[PDB]
Amino acid sequence: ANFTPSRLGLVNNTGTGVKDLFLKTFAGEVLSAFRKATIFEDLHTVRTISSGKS
Amino acid sequence: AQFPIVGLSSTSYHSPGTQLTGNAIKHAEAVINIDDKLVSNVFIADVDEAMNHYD
Amino acid sequence: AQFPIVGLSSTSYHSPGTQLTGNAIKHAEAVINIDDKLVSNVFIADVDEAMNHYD
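Read top to bottom, the protein sequences are chains F, L and S. Under the numbering used here, residues 1 to 54 are what the first sequence spells out, in order. Under the numbering used here, residues 101 to 155 are what the second sequence spells out, in order. Under the numbering used here, residues 201 to 255 are what the third sequence spells out, in order.
Warning: the hint list may mix true and false statements.
[As the list claims (entries may be wrong)] Okay, derived cross-link-like pairs now, DSS-like style, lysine-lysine, Cα gap no bigger than 30 Å in a straight line:
#1 F:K36 - L:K137
#2 F:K19 - L:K137
#3 F:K19 - L:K126
#4 F:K24 - L:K126
#5 S:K237 - L:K137
#6 F:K24 - L:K137
What the hints contain is simulated information worked out from the structure, not anything from laboratory work.
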């Protein structure tokens with residue numbers, strides 16, 4: 001032994017919880033989500049008109 | 101470390117005459133804690149090292 | 201002859217405030233003795249070789 005560290009995290013040096021006064025960090029990457037497969041964009045013809053209802 | 105998680109979307113048909121309020125998007129997180137320190141150790145005497153015939 | 205053998209290892213999590221001691225590693229050996237002498241002998245007479253019709 002011959003050593004009594006304060007653990008730098010205990011409050012009032014009573015009980016457990018040596019990690020009560022610590023905070024988490026930001027790793028630096030956002031995960032987000034995947035992108036589905038869109039196959040029907042092609043396989044059919046796309047036209048365009050300037051005016052009219054149909 | 102903390103890893104934020106995102107990813108939402110939604111579309112609808114808008115009827116003219118009303119005000120668009122938007123959509124609700126919320127996030128989540130992942131955290132990874134750091135454990136204690138692993139140790140591997142061994143003590144070898146001196147008389148044994150002197151007597152022995154190989155390293 | 202003697203062929204020594206070795207190899208042991210361990211790992212642990214350390215409790216703060218204490219002193220590391222070590223993990224005991226012990227060895228062994230395999231010895232190989234030497235047999236006696238092996239022989240294979242023969243004797244040939246002279247008259248037999250003189251009367252024979254082949255070598």
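Results of checking the hints against the structure:
Pair hint F:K36 plus L:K137 does not hold up; C-alpha atoms about 42 Å apart against a cutoff of 30 Å. With a CA separation close to 16 Å, the supplied pair F:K19 and L:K137 stays within the 30 Å bound. The straight-line distance between the Cα atoms of F:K19 and L:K126 is roughly 29 Å, inside the 30 Å bound, and the hint therefore holds. With a CA separation close to 20 Å, the supplied pair F:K24 and L:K126 stays within the 30 Å bound.
As the CA atoms of S:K237 and L:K137 are separated by approximately 60 Å, the hinted pair breaks the 30 Å bound. Distance check on the hinted pair: F:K24 and L:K137 sit about 19 Å apart at the alpha-carbon level, within 30 Å; holds.
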